[PDB]
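Take a look at the letters that make up each chain.
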Amino acid sequence: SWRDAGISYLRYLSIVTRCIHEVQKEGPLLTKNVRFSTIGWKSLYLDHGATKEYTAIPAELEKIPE
Amino acid sequence: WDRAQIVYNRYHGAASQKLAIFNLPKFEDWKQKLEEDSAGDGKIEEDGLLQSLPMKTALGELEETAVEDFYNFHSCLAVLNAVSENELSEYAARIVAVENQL
Amino acid sequence: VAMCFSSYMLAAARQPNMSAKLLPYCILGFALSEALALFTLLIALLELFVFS
Amino acid sequence: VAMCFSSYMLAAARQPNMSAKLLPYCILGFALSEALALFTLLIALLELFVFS
Amino acid sequence: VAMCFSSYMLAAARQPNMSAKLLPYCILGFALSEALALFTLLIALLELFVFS
Amino acid sequence: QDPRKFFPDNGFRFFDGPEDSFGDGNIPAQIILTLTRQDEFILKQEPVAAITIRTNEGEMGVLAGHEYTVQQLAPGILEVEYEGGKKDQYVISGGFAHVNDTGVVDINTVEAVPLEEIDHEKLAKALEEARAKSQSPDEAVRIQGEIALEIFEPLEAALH
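Protein chains in written order, with the working numbering: chain D, 1 to 66; chain Z, 1 to 102; chain V, 1 to 52; chain S, 1 to 52; chain A, 1 to 52; chain C, 1 to 160.
Take the hints with a grain of salt, since some may be wrong.
The calculated PhoX-like cross-link candidates involving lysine-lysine, where the alpha carbons are at most 20 angstroms apart (straight line), are [said to hold, decoys possible]:
| id | chain 1 | residue 1 | chain 2 | residue 2 |
| --- | --- | --- | --- | --- |
| 1 | A | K21 | V | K21 |
| 2 | C | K44 | C | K86 |
| 3 | C | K133 | D | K63 |
| 4 | Z | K31 | Z | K56 |
| 5 | C | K5 | C | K44 |
| 6 | C | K122 | C | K133 |
| 7 | D | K25 | C | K122 |
| 8 | Z | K56 | Z | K33 |
| 9 | D | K42 | D | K63 |
| 10 | S | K21 | V | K21 |
| 11 | C | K133 | D | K25 |
| 12 | V | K21 | Z | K43 |
| 13 | C | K5 | Z | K18 |
| 14 | A | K21 | Z | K56 |
| 15 | Z | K43 | Z | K56 |
| 16 | Z | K18 | Z | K33 |
| 17 | A | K21 | Z | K33 |
| 18 | C | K122 | D | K32 |
| 19 | D | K52 | D | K42 |
| 20 | Z | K56 | Z | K26 |
| 21 | Z | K31 | Z | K18 |
Keep in mind that the hints were calculated from the coordinates and are not lab data.
Assemble the whole structure, with the sequences as input and the hints as a guide.
Structure below.
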């Protein structure tokens, strides 16, 4: 199953939440809940002077951290 | 890590945005504290604290993977509350620190 | 007989603070579970040293 | 016999407050199981001290 | 007999630090459960080397 | 140097959790049910007669003075019955449910939406999408099909 695949229980709940937000009806509630599933954030770490993306843990849920 | 001190801003009101922290123990440390406190009699060791002996028994009944998820889940909610309180405090302190600029 | 102490162990693990309240209902269930064996044993010991 | 107490322990663990209200049921079940045992024992004692 | 140690195992695996306070109620069920065996074993050995 | 100008509060304190008493009296007649999604609640300590939950072990029922127990919620639906004989059903995404011996049920979930806000029409299309993902041999997509099916199958069976 998905357990030994390497993903966390929390990514699992978020996948379920994404699906629920899909199937539900169009309205103000959906307008609220699509926000609670959309991915827009990032991560950054500071080089000697510059910014660089810490891409060791992705935001998308299908992938696996390594 | 052994202890994670989350730090954030607490929106007490539109005019007061103080600090607030969550002192999270480690899972391998928290499970041992769970068993140690679940054995002895349940006496609150600090004023304003809630007794939790029945919980640390019942969690002992719960399986291994599920208690791992218990810790990770409740810690996730702690994190999320910190982020939410700081968003409201950001937008509550900006109006103050902007009207003074005006 | 050992079922009683077995239950006491699992119950004490469930709630050690209750461990004191349970042992009266353990020893009671213990001896009077042992007692029948005595009532069963006594017969075979009463069966021989008096009967011809 | 112990199967009665073995429940009352676990029950008393899972809810200490109801330990007093499940007590009569436990006593009753123990007594009735013991009554069956007693009738068998009565046959054993009655089989000898009256019969030739 | 093995029921008692099985209870001790699952009780300690339920509560490790309780493992010390459960062992006193583990040996008591061990001997007295074994004790009946002795008496049950006694008769058969007492049945032969003394009776003709 | 100033000795520790700051003294931040422990943010846990602002909450008012239960005081689990072992009970020296009788049980209430109705459970005080509190249900929470991500941060905002939907129900704050409302009187409720009974509640039925879905779990990995299976489906459970909760009444006043139910035994103190905690376990995972499996992603599905939830049924709540108020004292007036009415009912209210909520789709969830996992979580943990804590039932106090005093009769105070605290439920924490990642999502909570009634059944009324879902249509079988839009649900139907996602099913074969999840099935195609499940049948498509790939560890990254197979699990997604399986999981979306896990939440859709109780909905497909509950609407019907």
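Holds or violated: C:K122 with D:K32, Cα cutoff 20 angstroms?
holds, 18 angstroms
Under the criterion that the straight-line Cα-Cα distance not exceed 20 angstroms, is the pair C:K133, D:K63 satisfied?
holds, 15 angstroms
Hint consistency between S:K21 and V:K21 [alpha-carbon to alpha-carbon, up to 20 angstroms]:
holds, 15 angstroms
Between A:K21 and V:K21, is the straight-line Cα distance small enough, at 20 angstroms or below?
OK: A:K21 and V:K21 at ~15 angstroms, within 20 angstroms.
For D:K42 and D:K63, compute the direct alpha-carbon distance and say whether it is at most 20 angstroms.
This hinted pair holds, its Cα atoms lying about 15 angstroms apart.
Mind checking the alpha carbons of A:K21 and Z:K56 for me, to see if they're no more than 20 angstroms apart?
holds, 19 angstroms
Are the Cα atoms of Z:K18 and Z:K33 separated by 20 angstroms or less?
Answer violated: Z:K18 to Z:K33 is near 30 angstroms, above 20 angstroms.
Need the status of pair C:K133, D:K25: alpha-carbon distance at most 20 angstroms?
Roughly 23 angstroms between the alpha carbons, so the hint for C:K133 and D:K25 is violated.
Mind checking the alpha carbons of Z:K56 and Z:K33 for me, to see if they're no more than 20 angstroms apart?
holds, 9 angstroms
20 angstroms limit on alpha-carbon distance, applied to hinted pair Z:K31 and Z:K18:
At roughly 32 angstroms apart (the allowed maximum being 20 angstroms), Z:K18 and Z:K31 break the hint.
Within a Cα-Cα threshold of 20 angstroms, do C:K44 and C:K86 meet the stated pairing?
holds, 18 angstroms
20 angstroms Cα cutoff - pair C:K5, Z:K18
holds, 13 angstroms
Against the hints set out earlier in the document, violations occur for numbers 5, 11, 16, 21.
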